[PDB]
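Colleague: Residues per chain are reported as follows:
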Amino acid sequence: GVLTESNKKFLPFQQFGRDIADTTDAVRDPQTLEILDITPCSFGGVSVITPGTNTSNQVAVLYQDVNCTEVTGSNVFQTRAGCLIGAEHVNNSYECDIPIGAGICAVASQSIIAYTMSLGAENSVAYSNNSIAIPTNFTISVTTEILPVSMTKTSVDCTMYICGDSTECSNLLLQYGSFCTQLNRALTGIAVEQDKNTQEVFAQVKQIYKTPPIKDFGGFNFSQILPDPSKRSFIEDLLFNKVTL
Amino acid sequence: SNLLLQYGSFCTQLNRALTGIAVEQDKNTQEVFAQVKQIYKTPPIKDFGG
Amino acid sequence: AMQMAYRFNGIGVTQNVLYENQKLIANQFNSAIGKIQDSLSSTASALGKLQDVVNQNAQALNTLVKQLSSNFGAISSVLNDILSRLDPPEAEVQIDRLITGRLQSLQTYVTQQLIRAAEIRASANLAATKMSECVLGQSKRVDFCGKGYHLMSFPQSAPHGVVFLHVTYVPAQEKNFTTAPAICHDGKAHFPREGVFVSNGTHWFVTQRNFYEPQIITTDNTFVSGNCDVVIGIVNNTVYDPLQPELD
Amino acid sequence: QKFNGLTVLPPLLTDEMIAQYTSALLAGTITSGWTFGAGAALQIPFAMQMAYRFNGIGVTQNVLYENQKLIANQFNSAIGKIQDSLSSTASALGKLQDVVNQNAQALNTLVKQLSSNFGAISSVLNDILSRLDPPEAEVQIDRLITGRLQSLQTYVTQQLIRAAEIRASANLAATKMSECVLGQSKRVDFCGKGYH
Ligand SMILES: *[C@@H]1O[C@H](CO)[C@@H](O[C@@H]2O[C@H](CO)[C@@H](O)[C@H](O)[C@H]2NC(C)=O)[C@H](O)[C@H]1NC(C)=O
Ligand SMILES: *[C@@H]1O[C@H](CO)[C@@H](O[C@@H]2O[C@H](CO)[C@@H](O)[C@H](O)[C@H]2NC(C)=O)[C@H](O)[C@H]1NC(C)=O
Ligand SMILES: *[C@@H]1O[C@H](CO)[C@@H](O[C@@H]2O[C@H](CO)[C@@H](O)[C@H](O)[C@H]2NC(C)=O)[C@H](O)[C@H]1NC(C)=O
Ligand SMILES: *[C@@H]1O[C@H](CO)[C@@H](O)[C@H](O)[C@H]1NC(C)=O
Ligand SMILES: *[C@@H]1O[C@H](CO)[C@@H](O)[C@H](O)[C@H]1NC(C)=O
Ligand SMILES: *[C@@H]1O[C@H](CO)[C@@H](O)[C@H](O)[C@H]1NC(C)=O
Ligand SMILES: *[C@@H]1O[C@H](CO)[C@@H](O)[C@H](O)[C@H]1NC(C)=O
Ligand SMILES: *[C@@H]1O[C@H](CO)[C@@H](O)[C@H](O)[C@H]1NC(C)=O
Ligand SMILES: *[C@@H]1O[C@H](CO)[C@@H](O)[C@H](O)[C@H]1NC(C)=O
Ligand SMILES: *[C@@H]1O[C@H](CO)[C@@H](O)[C@H](O)[C@H]1NC(C)=O
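Those protein sequence lines, which keep their order, are chains A, B, C and D.
Residues 550 to 620, 638 to 672, 687 to 811, 815 to 828 (the entry's author numbering) make up the first sequence, in order.
Straight run, no breaks: the second sequence in the entry's author numbering ends on number 799.
Straight run, no breaks: the third sequence in the entry's author numbering ends on number 1146.
Straight run, no breaks: the fourth sequence in the entry's author numbering ends on number 1048.
FYI, nobody ran anything at the bench for these hints, they're computed from the structure.
Yeah, the Cβ is synthetic: ideal placement off N, Cα and C, and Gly gets one too.
Some hints could be false.
One side only, chain A facing chain C, incomplete, derived with CB under 7 Å [stated by the list, open to error]:
{"#": "1", "residue": "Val722"}
{"#": "2", "residue": "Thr723"}
{"#": "3", "residue": "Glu725"}
{"#": "4", "residue": "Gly798"}
{"#": "5", "residue": "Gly799"}
{"#": "6", "residue": "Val826"}
Each pair of labels, with its calculated beta carbon distance range [as the list claims (entries may be wrong)]:
{"#": "7", "chain 1": "B", "residue 1": "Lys786", "chain 2": "A", "residue 2": "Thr734", "range": "38 to 48 Å"}
{"#": "8", "chain 1": "D", "residue 1": "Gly1046", "chain 2": "A", "residue 2": "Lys557", "range": "53 to 63 Å"}
{"#": "9", "chain 1": "D", "residue 1": "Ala958", "chain 2": "C", "residue 2": "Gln954", "range": "23 to 33 Å"}
{"#": "10", "chain 1": "C", "residue 1": "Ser974", "chain 2": "A", "residue 2": "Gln755", "range": "14 to 24 Å"}
{"#": "11", "chain 1": "A", "residue 1": "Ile794", "chain 2": "D", "residue 2": "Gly1046", "range": "45 to 55 Å"}
{"#": "12", "chain 1": "A", "residue 1": "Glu654", "chain 2": "C", "residue 2": "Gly1099", "range": "29 to 39 Å"}
{"#": "13", "chain 1": "A", "residue 1": "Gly601", "chain 2": "C", "residue 2": "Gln954", "range": "44 to 54 Å"}
Derived DSS-like pairs (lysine-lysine); straight-line CA-CA distance at most 30 Å [said to hold, decoys possible]:
{"#": "14", "chain 1": "D", "residue 1": "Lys921", "chain 2": "D", "residue 2": "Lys933"}
{"#": "15", "chain 1": "B", "residue 1": "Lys790", "chain 2": "C", "residue 2": "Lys1045"}
{"#": "16", "chain 1": "C", "residue 1": "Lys1073", "chain 2": "B", "residue 2": "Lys786"}
{"#": "17", "chain 1": "C", "residue 1": "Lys921", "chain 2": "A", "residue 2": "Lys795"}
{"#": "18", "chain 1": "C", "residue 1": "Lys921", "chain 2": "C", "residue 2": "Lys1038"}
{"#": "19", "chain 1": "D", "residue 1": "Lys854", "chain 2": "D", "residue 2": "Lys921"}
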């Protein structure tokens, strides 16, 4: 630690003071009878800022909640998050791709920049106590929205896992009571919950409606969405080839 | 440290769990508050019907 | 067609707007569907809410299995070697160490899985709400099931999830006119029955609040109450009534 | 509080940015009615917006254009009342303070858990490491390590559960902002006791 001079004055019979959770915070030196605080010197996490490997290779480094009075090294800047090395501060602001902290963010013009984030396109609405706007055109638009409903119904058994077909390991395990009963019961419970999740989200209808073969829906195409007996329809296949199970 | 190293990946797992909740709080705040695409600014006059 | 007409009526647009614009709406619909197809086929990483589940579950299982490599401060990891090359007295101690450690790891994994499954159950409850309220019907709560006013949606399956195609109606091409709450006519104060009063500078009409389509101010589409005294901001004008001239 | 290892990372959207957000939202819902939530903002005189929301709740708008003054005065006297009713009364912002202290208690207990011996002969690691030979010190070190690790893991599980609950409340907040600011929800008692 780093040693500083203490305002706290020991009583004539105490040697060293501990602050909380048993860490020696102050100590009296033996050769001078002075009192010194012992504080930990700077330390903390380190993170990297990268625009991705595929884009480029130059990256920045952020030392977390530390001054840059303590230590590649092109430009330094002190932000409320800590020390930013390798990025040049810019004044103008955009919508930022890399969160940092306290609003700062971070590649553009073959370099890594740091800059306070811009909230949005700052425009004003005009107001007057007798004017009203009214739309004349309209666009119907389709948005996707993705939700999860289930995980893999997994199961693990202690007796085969911690022992692995070892008899004496099992004979020693049985002393620990019924931790295996609890674990098997918990996993089976979440498996039951997982099947119930799907059974609830999808089985909302108690018929099976099949559209008539005629597709004249007011001139609305549905051929890209409705099921095709060629394959489960086209769209679900498209998503079905987008996971890495 | 060399003794703890023999305890598997407990330390990294806990650090990752706390990192997860920390990056989740960011999303919570952004999702609650960032529901405007632009930044509307109030007109100077204030005569909203009284 | 009339299903769409009712839904337009529900959002707050008189159903007529559909019929003369049916071909245009169909074309916009199909173009938008093709655009969604293109976006999902080419640009990935819009489906992150399922990739994260699969990847994170797999990673948790992977570290659970990896835990067997660690020696947990015992003499060795593989059980048979210590159980052969140690006397049964010391064997019981080493086995005890390994058992407590591995059991602790397994129980921690189970707790993490419990919390993860609770989060997934919350998401599935929200999915059931969305399916029931924005597929089996039309919902009029803003920014629930779209971005803009809601027209319909279609469910679509996924590997371990569900994806909704929300068909929503977005107004645009605003034009601003001069408005006023009422009209005064013979000391009598006329308010709009449904819609707002508009003026393109010199003449006044009545429209619906989500589509410009002016109509001459008739006594049928405006209920009247009060008088020309207290409404702050009235404007004088005329109110045609079909009843009067037709007798002549 | 943070002494060793423990730390707090600043939140991305710092306080000024959040205040600017809630200024933008407030101005948008003052001038533009609803439409800034759905499409581009369509400015509307505020009296007509109030009348149209009356019409939404099941009352013909004539009542407002005839009683605009009374409505304005009630609104003003209500804002004035609420600001002072928050100013004077203590424990009026509880449901934030409670989570703050509960998290602080968790962290403080986590720190204080160091002092415990867990059956070892000391608590500060350098001293048990500074008066015992390796073959004898290793067992004491192992006991103390497993104790600290079990404490920390308990803390992490606590924080996970609390964060899940706060995330539930934050999704509730997002929903409430969506259908009770951008629009005018008719779900009774969902926002404000009474008609909304
Ligand atoms: C409303 O918006 C639509 C969408 O752009 C307009 O339709 C386009 O009109 C231009 C010229 O009139 C054509 O070149 C485009 O081919 C049209 N698009 C489609 C999809 O048909 C329309 O003109 C706008 N105004 C009205 C009154 O409908
Ligand atoms: C507002 O729109 C009306 C649409 O009819 C315009 O009315 C024009 O002038 C008289 C009004 O009685 C009509 O007989 C004409 O036929 C209209 N012009 C055309 C080309 O049809 C009116 O001029 C518009 N307002 C302004 C300020 O121009
Ligand atoms: C509805 O109740 C309100 C309560 O505020 C009444 O408004 C006030 O009534 C008191 C009663 O003496 C008056 O002194 C105030 O001047 C009124 N306020 C205003 C802004 O005028 C209101 O009168 C009641 N409505 C009816 C129709 O009686
Ligand atoms: C301690 O030792 C130093 C150097 O040997 C000497 O100057 C001093 O007088 C001694 N006593 C105290 C109380 O410092
Ligand atoms: C960092 O060091 C500078 C050196 O002048 C000092 O002024 C500043 O207060 C320090 N920042 C912190 C957070 O200690
Ligand atoms: C950005 O701000 C700095 C701060 O003084 C200023 O020196 C510079 O001219 C500004 N413009 C830039 C860097 O383009
Ligand atoms: C009418 O709209 C235009 C653009 O849509 C805008 O520039 C103008 O300010 C609006 N009218 C008034 C009086 O603000
Ligand atoms: C609208 O605002 C203007 C000030 O810009 C004011 O002079 C006018 O009286 C207001 N309209 C009404 C009907 O009071
Ligand atoms: C719908 O689009 C498909 C192409 O995806 C096309 O083959 C089909 O003819 C279209 N339907 C209509 C009715 O035009
Ligand atoms: C409407 O006409 C009457 C006729 O006497 C007049 O007193 C009143 O001021 C007029 N109102 C407006 C807004 O011009």
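Colleague: Now, for every hint given, state plainly whether the structure supports it.
Modeller: Structure-based check of each hint:
| no. | hint | result |
| --- | --- | --- |
| 1 | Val722 | holds, 5 Å |
| 2 | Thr723 | holds, 5 Å |
| 3 | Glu725 | holds, 5 Å |
| 4 | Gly798 | holds, 4 Å |
| 5 | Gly799 | holds, 4 Å |
| 6 | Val826 | holds, 5 Å |
| 7 | B:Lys786 - A:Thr734: 38 to 48 Å | holds, 41 Å |
| 8 | D:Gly1046 - A:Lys557: 53 to 63 Å | holds, 59 Å |
| 9 | D:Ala958 - C:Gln954: 23 to 33 Å | holds, 24 Å |
| 10 | C:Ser974 - A:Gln755: 14 to 24 Å | holds, 22 Å |
| 11 | A:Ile794 - D:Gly1046: 45 to 55 Å | holds, 51 Å |
| 12 | A:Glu654 - C:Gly1099: 29 to 39 Å | violated, 54 Å |
| 13 | A:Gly601 - C:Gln954: 44 to 54 Å | violated, 21 Å |
| 14 | D:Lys921 - D:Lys933 | holds, 18 Å |
| 15 | B:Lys790 - C:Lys1045 | holds, 22 Å |
| 16 | C:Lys1073 - B:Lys786 | holds, 21 Å |
| 17 | C:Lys921 - A:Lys795 | holds, 16 Å |
| 18 | C:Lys921 - C:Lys1038 | holds, 25 Å |
| 19 | D:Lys854 - D:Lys921 | violated, 55 Å |
Going through the hint list in order, the structure does not satisfy hints 12, 13, 19.
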